[PDB]
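A single chain, nothing else alongside it, follows as structure tokens in the form solved without this ligand.
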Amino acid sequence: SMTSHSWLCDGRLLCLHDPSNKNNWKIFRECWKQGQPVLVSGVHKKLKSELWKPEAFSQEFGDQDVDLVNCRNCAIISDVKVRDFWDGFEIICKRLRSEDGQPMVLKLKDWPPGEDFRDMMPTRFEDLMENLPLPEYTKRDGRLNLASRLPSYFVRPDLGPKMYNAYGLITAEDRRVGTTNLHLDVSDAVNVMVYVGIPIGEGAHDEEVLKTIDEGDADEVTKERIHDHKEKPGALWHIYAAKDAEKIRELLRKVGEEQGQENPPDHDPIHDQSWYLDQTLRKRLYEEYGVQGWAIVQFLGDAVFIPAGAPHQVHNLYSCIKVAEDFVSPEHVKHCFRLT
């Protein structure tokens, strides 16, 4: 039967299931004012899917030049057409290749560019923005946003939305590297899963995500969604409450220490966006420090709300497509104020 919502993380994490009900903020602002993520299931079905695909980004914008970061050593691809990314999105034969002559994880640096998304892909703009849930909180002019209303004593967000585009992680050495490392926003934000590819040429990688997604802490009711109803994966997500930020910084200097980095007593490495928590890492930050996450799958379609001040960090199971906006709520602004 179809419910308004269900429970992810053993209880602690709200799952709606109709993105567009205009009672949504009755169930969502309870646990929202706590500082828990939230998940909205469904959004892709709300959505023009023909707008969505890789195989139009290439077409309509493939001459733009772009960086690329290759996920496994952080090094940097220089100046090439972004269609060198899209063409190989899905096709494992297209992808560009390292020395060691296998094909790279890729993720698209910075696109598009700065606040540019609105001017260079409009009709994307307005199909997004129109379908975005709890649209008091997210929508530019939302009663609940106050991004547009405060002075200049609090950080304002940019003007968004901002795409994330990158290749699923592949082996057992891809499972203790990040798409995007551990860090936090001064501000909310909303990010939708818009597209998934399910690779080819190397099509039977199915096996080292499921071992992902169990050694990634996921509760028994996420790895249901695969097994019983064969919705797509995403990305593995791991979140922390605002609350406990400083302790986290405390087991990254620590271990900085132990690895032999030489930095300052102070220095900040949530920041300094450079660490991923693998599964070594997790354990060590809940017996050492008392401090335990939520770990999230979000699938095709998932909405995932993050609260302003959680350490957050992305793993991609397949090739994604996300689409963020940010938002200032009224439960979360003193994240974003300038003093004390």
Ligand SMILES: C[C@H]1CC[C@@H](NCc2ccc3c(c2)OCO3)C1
Given for the second form:
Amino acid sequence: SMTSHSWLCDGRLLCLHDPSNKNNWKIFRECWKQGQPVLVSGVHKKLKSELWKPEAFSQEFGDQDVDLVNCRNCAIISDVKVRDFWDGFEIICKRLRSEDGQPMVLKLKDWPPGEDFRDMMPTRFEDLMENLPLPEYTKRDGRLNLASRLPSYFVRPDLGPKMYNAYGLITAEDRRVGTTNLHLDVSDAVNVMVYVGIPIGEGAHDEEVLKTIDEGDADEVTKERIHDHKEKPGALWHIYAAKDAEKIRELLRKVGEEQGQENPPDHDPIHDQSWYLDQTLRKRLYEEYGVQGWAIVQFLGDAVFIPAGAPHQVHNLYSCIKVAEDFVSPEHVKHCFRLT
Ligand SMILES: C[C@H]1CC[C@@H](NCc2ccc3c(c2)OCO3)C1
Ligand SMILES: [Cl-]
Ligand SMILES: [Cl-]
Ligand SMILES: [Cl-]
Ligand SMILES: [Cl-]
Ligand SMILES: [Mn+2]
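Requested next: the structure of the form deposited with this ligand bound (the form solved without this ligand having been shown above).
Now the full complex is given, and it begins with the chain already shown.
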């Protein structure tokens, strides 16, 4: 039967089922005030699917100049065409190759650039902004979004949204690499999965994805969404409460020192955006510092709500297109205030 919601992460994560239900705020605001992330499923059913295909981005924008990132080693591929990324999104035989002759796992950096999404793609902008869940929080002028209402004593978010496009990580060695490294944002965010590309050429890549979810600490109900309903899984997230950020900085200062890094005692390993917490580091955070997080598998059409101040990392299972909007809820405005 249709239901309003369910629970993931053994009851620690709210999952809302109807993205446009006018009563969602009643269930949402209790979890949100406690500093929890929230998942909302089904947003893809609200969107115009033809506006979110990799072949359309390549056809319309393919002659623009861009930089890419090699996810395996963080090398920058400078001043190539955006079609060189999009044409290898699902077809592995078309990807740019490293020296070793393997196809690369690539991220498209800062595209559309800065605040230009709305000017470059007005039809995409309308389709996303009219279908975001919890619209009193997430719309530019919603009643519970303080972004446009705050003085300069507060850090305000850039005009959005921002697009996040990257290939899926493939090998057993790739299990320890991030698509986006561990970082935090001083604003709240909603991140929507608008497209998942499961490739062909090295297609049959199914079983390394199951060992990644399992070792990723995903709950038993999340493992049912794969085997039972055959939904498309895009990305594995780990999110930590804002109150645990300093304990995570202490762990990463100790590990950087063990690995022979020579850092001052106050340097900030989260702001540096240089770490991905693999299975070894996640277990050390739990055992040695007492910190538990949320392991979240984002499927096609899932919207992840990330609280201001919460450290988070992202690992693409398959090729993903994500679109995110920043906002300033009243529950978390202390995180962007400039005076301590
Ligand atoms: C705009 C910047 C000025 C200081 C920074 N805010 C630090 C902060 C405040 C409150 C917290 C917290 C961290 O962790 C839990 O509660 C943001
Ligand atoms: Cl908080
Ligand atoms: Cl458009
Ligand atoms: Cl709302
Ligand atoms: Cl990163
Ligand atoms: Mn982020």
